[PDB]
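In the form deposited without the partner chain, a lone chain appears below as structure tokens.
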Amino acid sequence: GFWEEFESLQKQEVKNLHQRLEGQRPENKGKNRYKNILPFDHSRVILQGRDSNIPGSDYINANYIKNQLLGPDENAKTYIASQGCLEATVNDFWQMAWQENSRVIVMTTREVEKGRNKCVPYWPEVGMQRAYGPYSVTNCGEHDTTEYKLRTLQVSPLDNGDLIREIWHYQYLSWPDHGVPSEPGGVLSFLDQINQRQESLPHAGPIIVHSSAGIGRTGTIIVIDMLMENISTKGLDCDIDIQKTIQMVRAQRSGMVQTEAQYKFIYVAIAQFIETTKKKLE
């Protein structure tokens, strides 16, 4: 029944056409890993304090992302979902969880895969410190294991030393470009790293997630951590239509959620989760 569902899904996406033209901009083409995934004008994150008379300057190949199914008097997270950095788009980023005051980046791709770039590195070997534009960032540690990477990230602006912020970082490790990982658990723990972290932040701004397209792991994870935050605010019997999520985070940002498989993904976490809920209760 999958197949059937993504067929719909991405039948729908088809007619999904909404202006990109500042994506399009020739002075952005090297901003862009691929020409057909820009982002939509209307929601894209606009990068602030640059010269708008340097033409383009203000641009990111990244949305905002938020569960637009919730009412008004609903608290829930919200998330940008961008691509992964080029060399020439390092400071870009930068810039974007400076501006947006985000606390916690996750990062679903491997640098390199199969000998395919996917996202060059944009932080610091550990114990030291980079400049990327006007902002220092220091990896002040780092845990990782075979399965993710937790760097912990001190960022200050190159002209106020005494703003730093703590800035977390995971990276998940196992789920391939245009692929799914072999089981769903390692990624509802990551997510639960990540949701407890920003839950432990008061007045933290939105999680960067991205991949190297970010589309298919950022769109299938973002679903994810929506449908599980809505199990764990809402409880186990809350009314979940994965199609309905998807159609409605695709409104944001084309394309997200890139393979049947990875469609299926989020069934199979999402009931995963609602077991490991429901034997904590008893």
The other form holds:
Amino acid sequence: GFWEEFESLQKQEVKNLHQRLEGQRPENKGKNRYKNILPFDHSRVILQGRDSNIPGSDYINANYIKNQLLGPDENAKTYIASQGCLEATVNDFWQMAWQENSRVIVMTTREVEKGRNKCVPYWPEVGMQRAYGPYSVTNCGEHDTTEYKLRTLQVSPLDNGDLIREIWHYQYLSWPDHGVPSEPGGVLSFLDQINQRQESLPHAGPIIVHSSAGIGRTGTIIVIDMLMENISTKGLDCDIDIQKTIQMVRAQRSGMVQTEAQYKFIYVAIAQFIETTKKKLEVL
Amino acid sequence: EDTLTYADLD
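For the form solved in complex with the partner chain instead of the form deposited without the partner chain, what are the coordinates?
All chains and molecules follow, beginning with the one already shown.
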């Protein structure tokens, strides 16, 4: 029934329940990439040590994502969908990253300074130390591959230089600038190292995922990886709830997983990761 | 003029 599904898709709506009051300030207009794309105020990231007196000051277009599909007693991982490579917000990004003690970044997008800077670089160059707001970041090397590079950067506060920190930026440079990759393998491998990594740093912060405007690529990237740990944590012979999963994600930041395509790359990436995980196991 | 396009959500 047309209405049986409409009054079903209605309860799936939360944008009306959750307020996006902070991203709406005429003070954060430039702090945004898409006027329609904004972070829920509740699960949104608040730049810290700022000044309440300054209209727009502690705002960043990002949110805290959490897999509510796994238990707190089940060491599930932490992410941060977010907007990305916006020149007009690079120090906001490093304050977000610094204050959230994040060690691994997951840029699901290349550079697109197009004429100006749709997507601009927020790192230096190998052996290059750059300052960003109160923090200085140095590039210790990009360990590329055919699809995703990997720059080793150490971020330290201009105040404390002996307080060195190395964050792992896993940029993905093979995503269809106008679609979804024809193969999960890459990101499926991309997610592999990222996971093993974060897991290497005993007490690191959430995983800062993002693209231009952390929504489509960012949403897909989170749900696939999220789904990977449910299996990795619960099992292959466990029930997967992609639809229920993607929603749980949306209800945390609007826009996560925007198109139909990204909707399939997940069915592909998870049907593959599964049959390949059991293949390895020689699951007959 | 920092142009663009994109967004839609939930």
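Residue numbers count along the first chain shown, from 1. Here the rigid core means the biggest group of C-alpha atoms that line up within 1.5 Å when the two forms are laid on top of each other.
Asks: Core fitted between the two forms: which of 152, 101, 193, 117 shows a C-alpha shift of 2 angstroms or more?
Replies: If I go through the list carefully, the shifting residue is 117.
Asks: Rigid core fitted, then: does residue 10 show a CA shift of 2 angstroms or greater between the two forms?
Replies: Comparing the forms between the two forms, which are aligned on their rigid core, residue 10 does shift its C-alpha by 2 Å or more.
Asks: Examine residue 165 after superposing the rigid core and state whether its CA is displaced by 2 Å or more between the two forms.
Replies: No, residue 165 moves less than 2 Å.
Asks: Core aligned, does the CA of residue 178 move at least 2 Å between the two forms?
Replies: The answer is yes, as the C-alpha of residue 178 shifts between the two forms by 2 Å or more after core alignment.
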